[PDB]
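Chemist: What follows is each chain in one-letter form.
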Amino acid sequence: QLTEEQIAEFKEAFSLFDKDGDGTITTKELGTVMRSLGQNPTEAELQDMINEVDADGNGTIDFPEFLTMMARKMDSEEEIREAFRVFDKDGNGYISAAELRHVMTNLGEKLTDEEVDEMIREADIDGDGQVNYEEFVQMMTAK
Amino acid sequence: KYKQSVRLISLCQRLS
Ligand SMILES: [Ca+2]
Ligand SMILES: [Ca+2]
Ligand SMILES: [Ca+2]
Ligand SMILES: [Ca+2]
Numbered sequence: 004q005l006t007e008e009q010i011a012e013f014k015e016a017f018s019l020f021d022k023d024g025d026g027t028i029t030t031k032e033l034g035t036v037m038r039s040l041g042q043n044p045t046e047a048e049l050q051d052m053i054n055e056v057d058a059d060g061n062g063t064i065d066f067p068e069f070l071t072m073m074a075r076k077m081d082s083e084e085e086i087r088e089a090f091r092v093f094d095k096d097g098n099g100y101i102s103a104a105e106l107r108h109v110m111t112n113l114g115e116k117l118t119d120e121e122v123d124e125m126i127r128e129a130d131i132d133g134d135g136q137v138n139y140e141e142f143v144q145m146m147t148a149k
Numbered sequence: 304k305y306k307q308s309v310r311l312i313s314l315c316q317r318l319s
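If you read the sequences in order, they're chains A and B. Numbered according to the deposited numbering, the first sequence spans residues 4 to 77, 81 to 149. The numbering of the second sequence is the deposited numbering, which starts it at 304 and goes up by one.
Derived from the structure by calculation, the hints contain no laboratory data. Note that beta-carbon positions come from the ideal geometry of N, C-alpha and C, so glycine has one too. Among the hints, a few may not be true.
These stretches of chain A come out as covered by chain B in the derived footprint (C-beta under 8 angstroms, 3 or more residues) [unchecked claim]:
1. 25-32
2. 50-58
3. 87-101
Derived DMTMM-like pairs (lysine to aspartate or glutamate); straight-line CA-CA distance at most 25 angstroms [stated by the list, open to error]:
4. B:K306 x A:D59
5. B:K304 x A:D23
6. B:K306 x A:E68
7. B:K304 x A:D57
8. B:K306 x A:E120
9. B:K304 x A:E121
10. A:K149 x A:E120
11. A:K76 x A:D132
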């Protein structure tokens, strides 16, 4: 009994990587995402990530193999704080609308001001238009 | 989308 909300979240995650919508994630695609996020994995390191979950040996990740990676790859505290540090680029720590838009762009999402504000309304518990660390922790632990 | 986006950042972080 998977829900369609769960399935949609899996789809959305798969699509981040599968830039060409062909249903297969390649080292090229995995690398594209990682570089836009500031990382610099080598081709060989990317291939080793794939090999780990590549059940049919074809060298690329398909949907159920991806679900396998997520099961395996997804320190509660240290993991939430490291993510916060990516969002709160200037370290003040409030995540501004401009900081959120920068992360979202790197996630291949081109957003306007209005849904940036919608995004912020998921976590913002004092209505200052920003997400601070406590609000960030709440958002990650809620329903 | 916000919570889901954080998870996607964390995923790539774990991959590296
Ligand atoms: Ca692809
Ligand atoms: Ca495969
Ligand atoms: Ca900030
Ligand atoms: Ca706030």
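Chemist: Keeping to a limit of 25 angstroms between CA atoms, is the pair of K149 (chain A) and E120 (chain A) held or broken?
Modeler: holds (24 angstroms)
Chemist: Is it true that the CA of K304 (chain B) sits at most 25 angstroms from the CA of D57 (chain A)?
Modeler: violated (28 angstroms)
Chemist: Within a Cα-Cα threshold of 25 angstroms, do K304 (chain B) and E121 (chain A) meet the stated pairing?
Modeler: holds (10 angstroms)
Chemist: Taking only the CA atoms, is the gap from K306 (chain B) to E68 (chain A) under or equal to 25 angstroms?
Modeler: Holds - the C-alpha atoms of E68 (chain A) and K306 (chain B) are around 23 angstroms apart, at most 25 angstroms.
Chemist: Would you say the stretch 87-101 of chain A counts as covered by chain B, given the rule of at least 3 residues with C-beta under 8 angstroms?
Modeler: holds (count 4)
Chemist: Are there three or more residues in the stretch 50-58 of chain A whose C-beta lies closer than 8 angstroms to some C-beta of chain B?
Modeler: violated (count 1)
Chemist: Take a quick look at whether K304 (chain B) and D23 (chain A) sit within 25 angstroms of each other, Cα to Cα.
Modeler: holds (21 angstroms)
Chemist: Check the hint pairing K306 (chain B) with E120 (chain A) against an upper bound of 25 angstroms on the C-alpha distance.
Modeler: holds (17 angstroms)
Chemist: Assess, step by step, whether the Cα of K76 (chain A) is no farther than 25 angstroms from the Cα of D132 (chain A), and give holds or violated.
Modeler: Violated. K76 (chain A) to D132 (chain A) sits at ~33 angstroms, over the 25 angstroms cutoff.
Chemist: For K306 (chain B) and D59 (chain A), compute the direct alpha-carbon distance and say whether it is at most 25 angstroms.
Modeler: violated (32 angstroms)
Chemist: When I compare C-beta atoms, does the stretch 25-32 of chain A have three or more residues closer than 8 angstroms to chain B?
Modeler: violated (count 0)
Going down the numbered hints, you'll see the structure goes against 1, 2, 4, 7 and 11, while the others check out.
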